[PDB]
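This document starts with one chain, in the form deposited in one PDB entry, laid out as structure tokens.
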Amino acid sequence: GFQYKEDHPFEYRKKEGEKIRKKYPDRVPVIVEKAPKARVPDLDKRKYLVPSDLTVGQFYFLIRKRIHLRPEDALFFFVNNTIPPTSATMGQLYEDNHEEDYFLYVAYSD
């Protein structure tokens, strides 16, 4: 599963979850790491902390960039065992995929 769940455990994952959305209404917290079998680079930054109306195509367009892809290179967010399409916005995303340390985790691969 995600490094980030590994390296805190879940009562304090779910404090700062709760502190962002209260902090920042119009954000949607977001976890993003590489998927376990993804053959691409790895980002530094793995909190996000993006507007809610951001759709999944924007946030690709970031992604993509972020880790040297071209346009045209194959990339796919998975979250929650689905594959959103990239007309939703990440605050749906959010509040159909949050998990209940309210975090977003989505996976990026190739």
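The term rigid core refers to the most C-alpha atoms you can superpose between the two forms while keeping them within 1.5 Å. Positions refer to the first chain, counted from 1. What changes on going to the form deposited in another entry:
- For the residue set 31, 56, 69, 50, core-aligned C-alpha shifts between the two forms reach 2 angstroms or more at a single site, 69.
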Second form
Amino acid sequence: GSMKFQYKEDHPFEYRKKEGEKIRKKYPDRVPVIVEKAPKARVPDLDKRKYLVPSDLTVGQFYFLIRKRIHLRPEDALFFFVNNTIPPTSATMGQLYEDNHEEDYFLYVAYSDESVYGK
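Form deposited in one PDB entry done; form deposited in another entry now:
What comes next is one chain alone, with no partners or other molecules.
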């Protein structure tokens, strides 16, 4: 739809909606977050994309969780993007998901070694 994240284009909306409603009514204290790379950013790609983290887990913890999965080089930085807006580190993934999840009940987060937009 938005032609930005690849997970929306590789799977139909009906399967993504029923996957979100299934994982929500099963694990209520966690949020589904799809993590994907930025357009042609100089950063390794994350083969694992579906991430189920707890709601009260903060964005700061999510930065450490994802950066370990990427095996990122120590020189680069990591910037997340929730609706092309660098999310507040002092916020929780449950509040971001509550305010930014799409119609398929999924929070989409993109990472990049450079701030595309946010600050």
